[PDB]
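Single chain ahead, written as C-alpha cells, the form deposited in one PDB entry.
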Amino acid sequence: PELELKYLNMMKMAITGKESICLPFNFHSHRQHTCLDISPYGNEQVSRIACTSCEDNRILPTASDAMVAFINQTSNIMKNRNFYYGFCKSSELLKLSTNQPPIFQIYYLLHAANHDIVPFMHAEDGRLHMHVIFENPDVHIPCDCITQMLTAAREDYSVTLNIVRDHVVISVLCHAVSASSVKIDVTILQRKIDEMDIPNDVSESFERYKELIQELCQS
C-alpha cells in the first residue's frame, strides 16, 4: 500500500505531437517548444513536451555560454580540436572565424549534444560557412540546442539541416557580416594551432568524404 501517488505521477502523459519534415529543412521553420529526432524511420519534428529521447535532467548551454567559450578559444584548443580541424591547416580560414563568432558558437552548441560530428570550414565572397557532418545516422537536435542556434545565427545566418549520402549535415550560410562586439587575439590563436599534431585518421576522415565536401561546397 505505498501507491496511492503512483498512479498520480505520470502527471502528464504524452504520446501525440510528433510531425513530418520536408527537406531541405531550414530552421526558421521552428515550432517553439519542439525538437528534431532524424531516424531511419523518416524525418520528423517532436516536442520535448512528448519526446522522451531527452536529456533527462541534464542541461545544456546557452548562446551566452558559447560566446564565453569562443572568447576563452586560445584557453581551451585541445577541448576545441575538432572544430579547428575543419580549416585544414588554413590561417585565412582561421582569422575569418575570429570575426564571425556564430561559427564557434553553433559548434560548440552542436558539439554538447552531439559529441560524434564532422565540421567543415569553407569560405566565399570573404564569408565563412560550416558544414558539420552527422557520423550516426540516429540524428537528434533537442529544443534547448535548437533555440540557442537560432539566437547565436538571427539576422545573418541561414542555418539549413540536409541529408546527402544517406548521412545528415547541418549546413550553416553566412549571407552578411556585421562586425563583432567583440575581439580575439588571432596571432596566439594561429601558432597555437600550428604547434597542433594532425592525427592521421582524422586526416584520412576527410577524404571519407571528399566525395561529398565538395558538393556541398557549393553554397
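Residue numbers count along the first chain shown, from 1. We call the rigid core whatever largest set of C-alpha positions still superposes within 1.5 Å between the two forms. First, how it differs from the form deposited in another entry.
With a cut-off of 2 Å and the rigid core superposed, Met196 has a Cα displacement that falls short of the cut-off between these two forms.
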Given for the second form:
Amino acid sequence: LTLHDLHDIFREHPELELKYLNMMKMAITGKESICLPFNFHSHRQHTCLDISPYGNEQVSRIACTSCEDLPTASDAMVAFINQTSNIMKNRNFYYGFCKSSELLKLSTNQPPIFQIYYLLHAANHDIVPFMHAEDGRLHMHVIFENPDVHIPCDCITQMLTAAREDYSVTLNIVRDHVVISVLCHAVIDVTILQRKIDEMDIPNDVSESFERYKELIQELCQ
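In place of the form deposited in one PDB entry, output the structure of the form deposited in another entry.
No partners, no molecules, just the chain.
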C-alpha cells in the first residue's frame, strides 16, 4: 500500500488517520559524519556531537539516543560571580592557569572563558582546561581525558551564545585527545581570588596530566 491509497481510505476513516500520524514519530535519519577540526559556528542547530573511535558524528537531537529528557549561559554567569565560594569544586579550572596571576586576572575580564568551562564541565567532569594569552587576550583549551565524547546540542547552542562572535570554538583531535579550543578574538573581586588560588596546592596526579600533555599543550599554543 501507498500513501495514495491511505488518503482515499482516510477520507472515509479520519479515526485511522489520527492513529497513523501519531505512530510516525521515530526519526530514522538525522545522523551524519563530520570532519575534524570542527567549527561549532559552522554547524547545524539542535544537533549533538558524538566523538568516538568509531566515528565523528553530528546528530539532530530528535535523533539522539544518548541524552535523556541543562545549565544555561546565564546560569554559568551566576557561577562566575560566585566562583569565590566554589574554588575547591572548580580547582580543576584554576589548575589551568598554572599558578599565573596575570592569566587569572585576564579571566576576570573574560566571563565566556569561565562560562564555556562551566558549560562543558556540567556535561563532562573528565576534562582538563589549560589557559594562555596572546596580546592580553585569554585563550582556553579543554582537553578530554577520554576518547568517547558526547557534546549535547543544548551545551553547544549555549557555548555559542556565551561566545558572541568574539571567540572561536573548535573541536579537534590532537595527539590522541579530543580537545575543544576556545580562541578569543576580542574582549569583579580579583583580590581574594588571586590570594586563594595562590594559596591552593596543585597535586601530583594533576601535574602528571600536564606533564603527559606537555607537547599537546606546546602544539596548542600558536
